[PDB]
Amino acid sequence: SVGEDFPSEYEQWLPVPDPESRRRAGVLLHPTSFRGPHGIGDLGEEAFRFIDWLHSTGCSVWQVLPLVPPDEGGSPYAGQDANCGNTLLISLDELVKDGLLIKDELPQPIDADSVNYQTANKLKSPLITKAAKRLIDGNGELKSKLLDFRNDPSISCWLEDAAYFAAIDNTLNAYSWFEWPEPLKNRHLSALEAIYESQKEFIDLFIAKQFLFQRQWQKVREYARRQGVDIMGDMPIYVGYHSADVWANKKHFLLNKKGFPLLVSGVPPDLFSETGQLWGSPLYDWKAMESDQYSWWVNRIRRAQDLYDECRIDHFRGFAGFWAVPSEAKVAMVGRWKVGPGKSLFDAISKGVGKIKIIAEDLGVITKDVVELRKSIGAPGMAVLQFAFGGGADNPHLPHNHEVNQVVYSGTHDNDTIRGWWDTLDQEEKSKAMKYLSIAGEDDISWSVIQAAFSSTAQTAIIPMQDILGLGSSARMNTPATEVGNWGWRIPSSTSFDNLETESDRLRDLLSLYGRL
């Protein structure tokens, strides 16, 4: 105590940085974008080569979009199921390594500069099915793992429903489950038993395909972990109407007596559309969900825990307040803001799954409740440099207004590439940006913005692969409020991870400089 002598080497009693505060960087790249011969990226060789490339840069995070079966436009954010994997990500070459295909069965390569889901489906699906058929017919080690997977209660609580939904959908010629006969529509037990008898093989194959996705995704994840790379997944806030999630959990969505949505999702007039984004997903009956401690949402997060080290929460503002549009409407601009579940949801998640690493996508209309909700759960938010040059110096996306507990992006999958953005940028905004940023040639504008993200105080900086490749507007992943021509971008067939040492070295130099290695 006060006045007395210290021990010796008091001089070596120095502050030790907290390992959870470690500065880092990463790349945003959806696996559909990998090059290869089967019309779409997959969880095979290119994923592992990408991980190796990423590791060589010093980056320690890979962010993907939702891995759910996408809508027919390719959107991960209107998925056909909330928990299933997109089976067209399954690598045929990896099935050959597993003994479920032979090399001779692999199709002839097709050129596909961009992903066409219908072309990839026709090519891959017969061989995926044939591999699943060999799996369920076999009686050894892999079959034994299939059975563990399917009897595991944290799988079967969603996978059984998904497989029955898919089987009924295969049985019926109908637009959606709204049109289904009453016993199937409302999941009468003897109807489900009848479906099990008449569709037994389809059900066993669907389940086998989910196992194969799981298996291959987990190999990619462990390989990333072996190379010092965390994977950040993405949890879309809404699911599509035509899904097992809505059909099997009707009471938990805002549907009428006949199962039709009263209200659908979106946002009011914004940057991307002067009539708003009319997403058109069904909405959650949050009060009903509260009555069984949000178990559907809890199950979702438990699933995400199993796939990802960390998870982005899409449209995070929607848990404080959400935009609700009448279901008959043709534009989002007529609508009401409604009260979200708030912290009560995250308390339920904590109680059910324990410790989670979540990233709030807090972009959009950010009201006081949104900020307070984010702070109350300790989650980092986002900054996007492409938004930084409207308004004045109080713009939160400007570097000097960044926070430590935050993730900085050059842009997301919703934004144009940096070059594309620069190219159409308003002159007032462009002249601003020239003052803040360190710009050499306009060819390398993407690198100027990348450097600005890396120089930030934000703990994590994430760059889309398109910007590392210096690509233009044609490489944009998604344009919000458009219905066609999205989610198709692929790494050009000529660009290999072997041909990107210059880019790797340049990233590593910037990470070294800004203490992100």
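Superpose the two forms; the largest set of C-alphas matching within 1.5 Å is the rigid core. Numbering follows the first chain given and starts at 1. First, how it differs from the form deposited in another entry.
For the residues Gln218, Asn186, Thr87, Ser327, superposed on the rigid core between these two forms, a C-alpha shift of 2 angstroms or more shows up only at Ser327.
A displacement of 2 angstroms or greater separates the C-alpha positions of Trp337 between these two forms, with the rigid core held in common.
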Contents of the next structure:
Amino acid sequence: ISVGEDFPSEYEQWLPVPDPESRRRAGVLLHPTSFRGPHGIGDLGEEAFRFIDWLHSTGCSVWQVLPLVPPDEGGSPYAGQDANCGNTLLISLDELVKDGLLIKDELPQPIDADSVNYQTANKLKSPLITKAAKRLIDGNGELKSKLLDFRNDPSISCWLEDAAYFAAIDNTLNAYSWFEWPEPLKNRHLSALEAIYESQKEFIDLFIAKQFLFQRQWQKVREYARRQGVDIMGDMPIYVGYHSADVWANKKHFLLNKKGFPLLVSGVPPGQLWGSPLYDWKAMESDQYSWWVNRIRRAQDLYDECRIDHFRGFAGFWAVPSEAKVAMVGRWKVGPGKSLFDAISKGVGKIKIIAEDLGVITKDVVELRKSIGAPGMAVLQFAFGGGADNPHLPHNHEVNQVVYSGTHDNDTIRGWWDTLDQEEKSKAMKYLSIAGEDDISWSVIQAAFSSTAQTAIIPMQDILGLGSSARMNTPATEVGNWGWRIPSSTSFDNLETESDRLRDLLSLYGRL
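The structure above corresponds to the form deposited in one PDB entry; please give the structure of the form deposited in another entry next.
Chain alone follows, minus partners and molecules.
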């Protein structure tokens, strides 16, 4: 331990050791609504456990889902009805039979499983979920006791009670938004809230019970994933909906006017007017960002890791006067920056956050992302426009990054290939290793696996080699999204070939 002197006996064994936090891996993007089954939509029953087995058999160690919130009427998990609740339509009816909350003969006749129609699924399943929730509350055994534990839990009630009351009042009143509610409900006068509890007690207890059932079923999926070596990566939009408990029960955390209407709403310039209310970050700074801390605590309860959509909003955000009809007349505002993430980590511990950072982004975004150690994204479908500086080209990938073939907002690789621009196609053929065009999804999968990016994620549609009809979402259309389901005859038992082929790629590129 001194210049010129002898080193100890075993110097040549002092070899470099790979950092375990740098381990290369792969995963599949599959939302549970796409699982097969008889009730109009996928669920957290037997298909979720079979998927986990299949995924593990491939050597993948990550399962990514879309947000698990209650979606809008079109099915969108990004315009959810609450930021912290689970989508009750994902509750398995068959799992309720095993709990004794339904009996086998109460299960409905199967319906055709081509695509999720959310109206059909709700009509079919909700009466029975309600019925099961009713039996749960009227019992007084182990299960009822676990409901009480759930309900009385401080880290459940800080979002659950607000969510239940909001939903009771929305049920009782015929109003567009809570801005049109009568004043003592609009502004949460204590006695009105007690009058809501009394007059809507049964709806409130059932809402809570249903959230318990979702939690139960999701936590068993998550425990089985952990046993099989699978991390689950969730998703959350940066902004929440105006008509929600999140805003209604925390008005001072948002930029509302004295009458509770948003002064400013979200979007991006030339433009796109998303119309979500905006956070009062200065205000949140006061109480050490407790709202956002809570949101992450719940994300952590649901997921091992979590992507945040429009992450750039944490450094700077586009703000449009709520009167406006289009986005072009806004200004950029300063975001909370790292101090937000300091507060989170102090409140909840070490977090694994993924930054959605697509499109044009400014230097503060990159700097913020890097300062908290969060990986960004590369999407191979975006790599062949422009020149060789395109950051989605594999030679421009980074280690701390998630590479996708595409996301739920893109066509499948097959579909994209079919409509691809001639200029972009010839470029793609130079860079990728392409055999037959039927196998084009595997060419792209292989490029993703061959990247230096630490994490490679592939949508289930591309593993199945499906075309445009299996596209999950097309942005800026309002109908025909969120509907894709795995073809009814394609069981996980019948996907050994695909599993073996993935495993071979993972092994070749050091992702096992």
